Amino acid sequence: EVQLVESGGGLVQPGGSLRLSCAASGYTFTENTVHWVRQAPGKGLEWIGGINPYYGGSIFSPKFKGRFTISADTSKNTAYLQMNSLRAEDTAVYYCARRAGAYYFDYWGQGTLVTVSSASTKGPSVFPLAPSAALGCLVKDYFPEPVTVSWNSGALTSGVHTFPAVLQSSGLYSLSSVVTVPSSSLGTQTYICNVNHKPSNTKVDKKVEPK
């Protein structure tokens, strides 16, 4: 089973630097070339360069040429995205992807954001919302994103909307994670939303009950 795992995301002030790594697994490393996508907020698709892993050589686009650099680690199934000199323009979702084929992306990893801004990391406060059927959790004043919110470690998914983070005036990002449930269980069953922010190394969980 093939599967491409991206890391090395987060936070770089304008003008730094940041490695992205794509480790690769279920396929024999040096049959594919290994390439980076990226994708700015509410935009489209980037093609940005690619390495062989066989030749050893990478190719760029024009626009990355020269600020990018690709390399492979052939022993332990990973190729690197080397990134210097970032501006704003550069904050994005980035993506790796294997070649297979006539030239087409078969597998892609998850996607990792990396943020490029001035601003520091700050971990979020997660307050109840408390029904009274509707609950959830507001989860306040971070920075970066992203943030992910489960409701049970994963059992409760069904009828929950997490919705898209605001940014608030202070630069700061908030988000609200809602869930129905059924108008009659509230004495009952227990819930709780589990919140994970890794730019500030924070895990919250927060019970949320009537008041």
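Think of the rigid core as the biggest set of C-alphas that the two forms share within 1.5 Å after superposition. Positions refer to the first chain, counted from 1. What changes on going to the form deposited in another entry:
- Residue displacement note: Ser184 has its CA displaced by at least 2 Å between the two forms (rigid core superposed).
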The other form holds:
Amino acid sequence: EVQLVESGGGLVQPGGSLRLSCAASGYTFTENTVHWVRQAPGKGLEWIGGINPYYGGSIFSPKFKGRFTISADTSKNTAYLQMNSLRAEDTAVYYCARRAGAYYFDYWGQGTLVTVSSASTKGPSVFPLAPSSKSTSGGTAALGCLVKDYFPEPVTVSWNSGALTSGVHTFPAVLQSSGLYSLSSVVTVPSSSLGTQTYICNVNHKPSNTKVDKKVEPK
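Next up, the form deposited in another entry in place of the form deposited in one PDB entry?
Partners and other molecules omitted; one chain follows.
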């Protein structure tokens, strides 16, 4: 019942600043310190710092102490990470985590990706990958969605608003020659269901506030 949910990530120009939020619930916010940990793409975990909401003070790794601040607003059960003078090496997934027991992190947020870049945001174009079999073919069929020319990462792709889960593969994005990302999301289904079950691919790219729902139909 304990939950930490983050928000705030996105695209930021170098030398700029950004503020991330961590909403805590399911426990008395004042009885547990809250920390931030980042993870560069492909690299490992790195501790940033933490705050004690009972007092309001914070510790920092010597790598970030001058540049980042951590505050907490106890009335909203929220912790905040203010990041200043951001550089390309600050591009990473940022997590909040609650400390409990002998100084372990027992509840983590989902992570929010921060990208430090001077390129402008680009919303994705969403195209169908029409199913391979006909409704009379007899086996399994593959169908999909192409999410082209967006920036920056990430996009969230789901199928039938998340009700369709088994057999779904959303591939890692690939940085194209143009400098924009592109990925595909496929699902395999029974051929017989092609004429009756609606298949919709929901794409959400926050940086550009794009929410597209693309229906995939045969032929």
